[PDB]
Amino acid sequence: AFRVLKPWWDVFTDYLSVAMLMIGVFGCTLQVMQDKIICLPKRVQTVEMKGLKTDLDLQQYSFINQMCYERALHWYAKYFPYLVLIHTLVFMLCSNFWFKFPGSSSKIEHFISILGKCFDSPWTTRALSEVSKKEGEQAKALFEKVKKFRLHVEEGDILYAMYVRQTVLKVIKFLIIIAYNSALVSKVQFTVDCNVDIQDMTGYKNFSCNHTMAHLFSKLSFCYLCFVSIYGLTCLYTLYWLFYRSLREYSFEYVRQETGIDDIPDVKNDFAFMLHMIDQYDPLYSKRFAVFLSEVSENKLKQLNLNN
Amino acid sequence: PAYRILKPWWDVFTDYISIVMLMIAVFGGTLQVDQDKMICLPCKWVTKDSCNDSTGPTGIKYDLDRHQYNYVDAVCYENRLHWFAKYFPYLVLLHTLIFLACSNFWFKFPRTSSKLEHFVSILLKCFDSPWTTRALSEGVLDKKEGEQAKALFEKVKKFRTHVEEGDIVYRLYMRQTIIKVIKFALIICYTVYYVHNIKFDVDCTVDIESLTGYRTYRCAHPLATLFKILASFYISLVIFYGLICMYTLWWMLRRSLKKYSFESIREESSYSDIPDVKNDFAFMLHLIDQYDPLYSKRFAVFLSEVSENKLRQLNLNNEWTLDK
Amino acid sequence: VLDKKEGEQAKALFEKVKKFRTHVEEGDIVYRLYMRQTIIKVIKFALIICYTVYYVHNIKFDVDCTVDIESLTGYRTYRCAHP
Amino acid sequence: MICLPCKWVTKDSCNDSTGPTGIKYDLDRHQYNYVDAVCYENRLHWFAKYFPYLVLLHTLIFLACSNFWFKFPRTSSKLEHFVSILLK
Amino acid sequence: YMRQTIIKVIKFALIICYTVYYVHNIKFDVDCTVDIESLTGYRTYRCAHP
Amino acid sequence: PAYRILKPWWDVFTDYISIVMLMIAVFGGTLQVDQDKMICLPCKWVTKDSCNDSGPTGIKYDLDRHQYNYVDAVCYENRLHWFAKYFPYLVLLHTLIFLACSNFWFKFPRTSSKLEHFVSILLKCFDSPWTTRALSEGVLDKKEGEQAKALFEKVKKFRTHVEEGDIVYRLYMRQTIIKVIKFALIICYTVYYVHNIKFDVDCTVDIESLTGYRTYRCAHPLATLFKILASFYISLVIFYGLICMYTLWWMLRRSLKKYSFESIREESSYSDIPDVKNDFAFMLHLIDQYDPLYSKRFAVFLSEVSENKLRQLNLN
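Note that the protein sequences, when read in sequence, are chains C, Y, W, H, X and P.
The first sequence lines up with residues 16 to 60, 93 to 179, 232 to 407 when you count with PDB author numbering.
The second sequence lines up with residues 15 to 68, 92 to 175, 230 to 415 when you count with PDB author numbering.
Counting from 231, one number per residue, gives the positions in the third sequence under PDB author numbering.
The fourth sequence lines up with residues 52 to 68, 92 to 162 when you count with PDB author numbering.
Counting from 264, one number per residue, gives the positions in the fifth sequence under PDB author numbering.
The sixth sequence lines up with residues 15 to 68, 93 to 175, 230 to 408 when you count with PDB author numbering.
Chain C extracted, bound-state conformation:
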């Protein structure tokens, strides 16, 4: 169960990444076959109009097309889809930066197993009814498991640091992408002027060329820019939610407002952050898992087991 730890921003950015992959693949397959330039020499040799004869073979025309595709077309207009592909692959690889390192993955699996096991445990409902046998022994075992989890996760804070590094990397990459794409989006234009020196072959020096797939590349660039802007707004909201509330401290006072138990200790660092994650999924798991943390609940369960 890994999808539970993914909030709305994580799946939103993932689907944005799939959209970016589709855009990059479409741009690449357009650039492989449809991308061509059409060049005509300048200053060439009831009104009856007559066409101008350039006195050029088809091979000379292809040669001019190539010289102007290489030495006149902007590199952005030729390598935009590959840049999109590379950048979105880096985005996809860094999308699960906080999911793939084995220690953090083990912490995720341990926390979700614990939270699901106490979710299935009826002792939570029994204790919530009390405040407001075999399963008792299972609840005691789950409680000592919760204490072991406290001794195993709460003292560390590596998960929060990895998440903040991943978010900062996403934000800085989005800034770079917006910057260079907005700077070079004006270079993708239909009519270009090509001044290569192939006069010794074709006889002309100045050419006017048309990038046939320039309107489509401009629309694709603007769509990719829109997707990048949405991705960056999502990452900026992620950073704002990261920073404006201290996620190294999880407070159970909101549970205390309606639950009488007050011996509940406040967890910190990794526990606090990933309980905030489960709160972002749904606060019910957190306000329900509150009852498994305090020690007077364990003492009450021990007394109940002794009486039974």
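No lab work stands behind these hints: they were computed from the structure.
In the DMTMM-like style, the derived pairs of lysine to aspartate or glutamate whose C-alpha atoms are separated by at most 20 Å in a straight line are: (1) P/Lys290 with P/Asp67; (2) C/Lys304 with X/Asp292; (3) Y/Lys290 with H/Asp110; (4) P/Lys58 with X/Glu300; (5) W/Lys235 with Y/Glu238; (6) H/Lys162 with Y/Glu236; (7) H/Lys145 with Y/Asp25; (8) Y/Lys162 with W/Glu245; (9) H/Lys152 with W/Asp258; (10) Y/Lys145 with C/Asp378.
If you want a taste of the chain C side facing chain Y, the calculated C-beta under 10 Å gives, among others: (11) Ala34; (12) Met48; (13) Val59; (14) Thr93; (15) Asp102; (16) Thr171.
From the structure, some residues in chain X lie toward chain P, with a derived Cβ separation under 8 Å: (17) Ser301; (18) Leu302; (19) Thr303; (20) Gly304; (21) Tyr305.
Built from N, CA and C at the ideal position, the CB exists for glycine as well.
Since chain C is already given, all that's left is putting chains Y, W, H, X and P on it; use the hints.
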């Protein structure tokens, strides 16, 4: 897969219409990528940048190379051919993607997806439970069967407290339906207004007289009639999608989906303590009724505490045996 | 002979069959749908056969075209081959 | 649609009238392409152009008629319940 | 496993050596002197690899 | 799957070589279909109907594009060697024959049924707990004892049923022989005809009535690429043939129709395991060439002493 119970006939209809519209998008996109050309022929005699249209017949010699013809084609395709004919498949594909995202947003949003999966699980394993059959039919029960029956009873008990308080699923489905209907309105306005601009014969006046020698060219867009019939088919499919979405909106407006009465269930069955459910639980129960009412018929068994007392009595008659 | 489990599941299946019969034998929505699909398929077959048989003779190889593009080409009538 | 001009026109009709030599038409390749496009658009019958698309539409209609039995939720639920009970 | 790792390292070394040595030969403008004057009429042509 | 157990290293090596040759055959076939042409220029200077070929200005041939296409097609069909045209199809056919020879062992119903029976009860003997009990050398479950006795009887019945005829061994030998002869013929004809894949081809096709020229010089675009593919195929066929000769030498090294259980009977307690023969011997040789643990775990069922320990322990 497991969400097929939560998809009524309108959802299935819209899903298949979206599939056909996406097929139209892919077909038009491939055609516009491969064979979308614009064969342009210059007008020999012009009067104020307009073709004059003025012993066997002989061909008109234009003195134009193949590459000058290609240049004229590219210029007039870029400049004078209407944007709708050029970007019809891409706009269609974008609209299909928006429609599919709107339909499947609540299946991917974690806050509603968790509730939906919990509801589907505890209603299906409710449906195949033998206690439902034995209760609706109205001594000894299997130990595993009895423990499972009480486990699903407690699971329904906690699920009711977990879902009835909130209305996130109902509000999300409202918002998705409203967005889909306004998207249909926008599409059926703009596509219908701009569908008449996909014409076969287009005059182009692009001012490339210094590179070609002519100013006006009478072009011909080959995939104009085919794009026209594709646009008409897309308009028909969007009309069907919009009518289905307006039916969904009318269904959601007339009956308050934030309340659900088990009056029909509690009168036919002996159990008359089934409570009236509200909010999101009521909404997905209404959806299940739209799929198959007998699912909710069986699900109402676990909602009545008289059934709880009967199950507790039967389990106590089993837990405490004569021997012990 | 029969086991306790087999008897229990057979009785449960008996009640399931009775409830299924009670819930299904009320109406004929499945029969009506199958009828309607059959009639629609027959009508579609009839229309397809009529229009296709009528218009199949128009798929010819040599087609004479007269499109009036004399101002752009110089000729009026052309003979075309549809490969 | 390979279209060749009829140099001997007789009231909008092809007249169909010393080594042999080919007839010079004095037409560019692009004029030929324009003639092909116009005579394919205007004078080719709509059946010869849209026969496969009509066949595809008819096949999809037939498939929809066949599978609307299993796609309609009420009848799909009824058939699934019947299949489950009869298999059991 | 040791043999596979050794072969992979050796293959990497050879690939890097030959590819770095020969990557400069992928140019755009190449001059060809093929001597087809009997058939074409010219001897030297300057080409361009797309 | 279930048949990977009876596939030794030579078999899997030949399978991987076969799919590699299938891949290069598909590549060559796609190349032949799409980009296989030949550009033919007429020889303006001729001598006894041969290509004399004695600010420069290009030579005018006064040939249309269609006359050039006709010359290309005629010289391609006539004066281009059949190897340079049908090499990928020949490679595809040879690869299909090799794959059919490799997989006919699995498809023929008699041999496939025998293989399935062998694999099935080998898996069952692996799953048998009495295999572990016998290999270690207490308490027996009734179901476990019934399964063990049934497996012992099934082993005896199957041993009697298959040791009479060696159709599987004979089929495998025939497949190996056919594969090695195929490799010999393939390497001979491919080595002979590889030098006919040339770039410059002089064609004299006698189409002077239509084109006006007698002899033409053609360039085959996919000539050296096809030559590289032919050399790669020759290397692959040489590797396949060396593997096939090793497999044939494995057959002829020792009688695969006679398996001796001497080493296992010396290592294990049971020393009465008979020397089985023919198809059972071949099938056991194959799993010995995959993993000797299978024979170690399965030899306990053949021995009567283990049956004597079985009947004593079942009685207890």
